[PDB]
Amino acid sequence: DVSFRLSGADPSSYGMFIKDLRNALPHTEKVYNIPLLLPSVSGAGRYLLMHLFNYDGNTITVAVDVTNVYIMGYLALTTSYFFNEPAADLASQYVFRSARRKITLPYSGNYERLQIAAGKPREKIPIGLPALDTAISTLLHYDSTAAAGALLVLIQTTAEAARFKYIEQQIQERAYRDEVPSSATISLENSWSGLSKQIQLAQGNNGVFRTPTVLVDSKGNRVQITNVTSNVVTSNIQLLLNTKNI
């Protein structure tokens, strides 16, 4: 399991938690020197338990599918919550089994369904460690609408940041002050599946993408990524979704 405590949190420890998070996802091959997540993992080995603690010491344990880094649900005190999606329901059969009760959330884990439940897109949701501390708290006490929001904060704080070095940086900049994600942050999140597929097709295409990826950069300008030499691939992305799952 991996852990992060906000009490005393700073860019340094958040860095370590996100480093641990990356270290817990299994791979057996690297593509252009970037861990390639497994196609599948059978059983309970498929789920990683993150222990998160809000500033007052309360905790939630989040379950993550180690082959894609999708959050499946979480345990808050003695209740468990899982998205309304097949993978989550399957996941429910291996984790938080001893929860006194299980709540299926009213919506699957997609950013689209989550934003509708929350009443706003992510573009308007402040993130940062403080925001992550509100999220831990919100989820300790079931509220479907507030959870939609807390969950968009949680996924980004933890999954996207593990997947992208740039996102981890955005959060470290937001250690004591939340702020809506830069649009390049939203682009990366949206292009992960695609970059992952393209980093892999390039393997036998001399490092060239079969299809380019359109991104938004630091300045807010639209750039096209067409080969492995880009900074997105050399520095930025830290994990790849196996094409067997794309």
Second form
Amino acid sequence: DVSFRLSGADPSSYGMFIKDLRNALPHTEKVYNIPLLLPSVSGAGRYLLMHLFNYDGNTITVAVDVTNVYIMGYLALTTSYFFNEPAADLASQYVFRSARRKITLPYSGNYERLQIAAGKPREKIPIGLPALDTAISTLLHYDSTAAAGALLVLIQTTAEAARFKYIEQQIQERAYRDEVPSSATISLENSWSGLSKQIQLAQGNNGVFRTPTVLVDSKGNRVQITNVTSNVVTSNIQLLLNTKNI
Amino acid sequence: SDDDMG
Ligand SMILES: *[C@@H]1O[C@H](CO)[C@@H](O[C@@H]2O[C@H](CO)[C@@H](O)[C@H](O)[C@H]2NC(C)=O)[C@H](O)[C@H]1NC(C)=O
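Next up, the form solved in complex with its partner chain in place of the form solved without its partner chain?
Let us now look at the entire complex, which starts with that chain.
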């Protein structure tokens, strides 16, 4: 398992947690020096448990699919909560077996459904370590509407920061003050699947992408990534979604 | 690759 405590959290201990989370994810090989996640894992080995502690020392345990870093559900006291999706229901027969009751959330775990449930696009939800502390607190008392918003913060500050160094650094900048995500952060989250696939099929093609990826950079300037030589590939992306799962 | 805020 991996653990992160918000009491006394600084940019450095957050960094150690994101590092722990990355090499908790199994891989057999690397493509251009970036860990390639497995096509599949059978049984209870498919899931990683993250224990998160808010400032007051309350806790939730979050289950993460190691093949794609998707959050499946979480345990808050004696209640487990799982997204309304086939993947999360498969997950429920392996993790949080000892929960007194299991609730299925009224949405799936994808950004689009989470945003509808929240009443806000993630452009307008501040993120940071303070937000994460809030998110943990919101999740131990069921409320489906607040939970959607708390899950949008949790996903971005854990899973997305693991996938990209840039996003990890964004969250480190927001250690003591929340701020909405930059445009770059959002386009990165949105392009993970696309970038993963183009990096993988660039490898018999001299590092050249079959189809260019369109991103937005820091200054909000539109950019075209065409090959593995770009900074995004050499100095940003930390995990690749296997093309089998794309 | 880039950084701060937004
Ligand atoms: C890999 O990506 C880089 C960065 O986008 C490409 O850089 C361009 O290279 C061409 C020809 O060498 C120049 O005409 C452009 O001005 C360069 N663009 C920039 C922004 O500097 C590079 O060409 C790509 N590599 C390959 C093999 O296509």
